[PDB]
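Below, in structure tokens: the form deposited in one PDB entry, a single chain.
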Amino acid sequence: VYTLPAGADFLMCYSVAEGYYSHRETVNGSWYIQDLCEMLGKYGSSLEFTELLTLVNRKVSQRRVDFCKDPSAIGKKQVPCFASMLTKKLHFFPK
């Protein structure tokens, strides 16, 4: 067979791209974990996990800062970022 790189088969899922702030709703948690969990609830046991993370990018991209003591932050945005060193399709079908 072929050997693998010791760094293969990692998936790094970040709330934001390097350089940017991440955001939260006042009480119910971060934008990113709320939207990740909603997508896990609806699609986690069927969709390929990177397809699911792409839906999370779309969902978080719809959010905006509604309330902030800094008025320059109002209306500001976030897109998450996932970095894949995966080599195969990843599914969490029911066991």
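Shifts are known only where both forms have a C-alpha. Positions refer to the first chain, counted from 1. The term rigid core refers to the maximal set of C-alpha atoms that superpose within 1.5 Å between the two forms. First, how it differs from the form deposited in another entry.
- Relative to the superposed core, residue 21 undergoes a C-alpha shift of no less than 2 Å between the two forms.
- After fitting on the rigid core, stretches of 3+ residues whose CA atoms all move by 2 angstroms or more between the two forms lie at 18-21, 24-26, 72-76.
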The other form holds:
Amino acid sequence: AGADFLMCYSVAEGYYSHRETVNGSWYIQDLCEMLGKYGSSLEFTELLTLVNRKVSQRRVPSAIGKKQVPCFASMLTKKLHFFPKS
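What I would like now is the form deposited in another entry, since the data block earlier showed the form deposited in one PDB entry; can you produce it?
Lone chain follows.
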């Protein structure tokens, strides 16, 4: 841990992470999708919160009631934006 740290976890405790497909993994795919569209404007924890929804709504082995639920832990002190640099 540390001041102004941001820990973005692909899967939280007590939850199952999906298998690696040919097109990548769910977490990174969705993370990267959101960065592509919302990265330059949105506040990064708001963006991470979108990924939490996107991956938690994804579905694929008789264990059915099952989703990957990511998690982020913020020790940020301010809002984080990646506005285009000059």
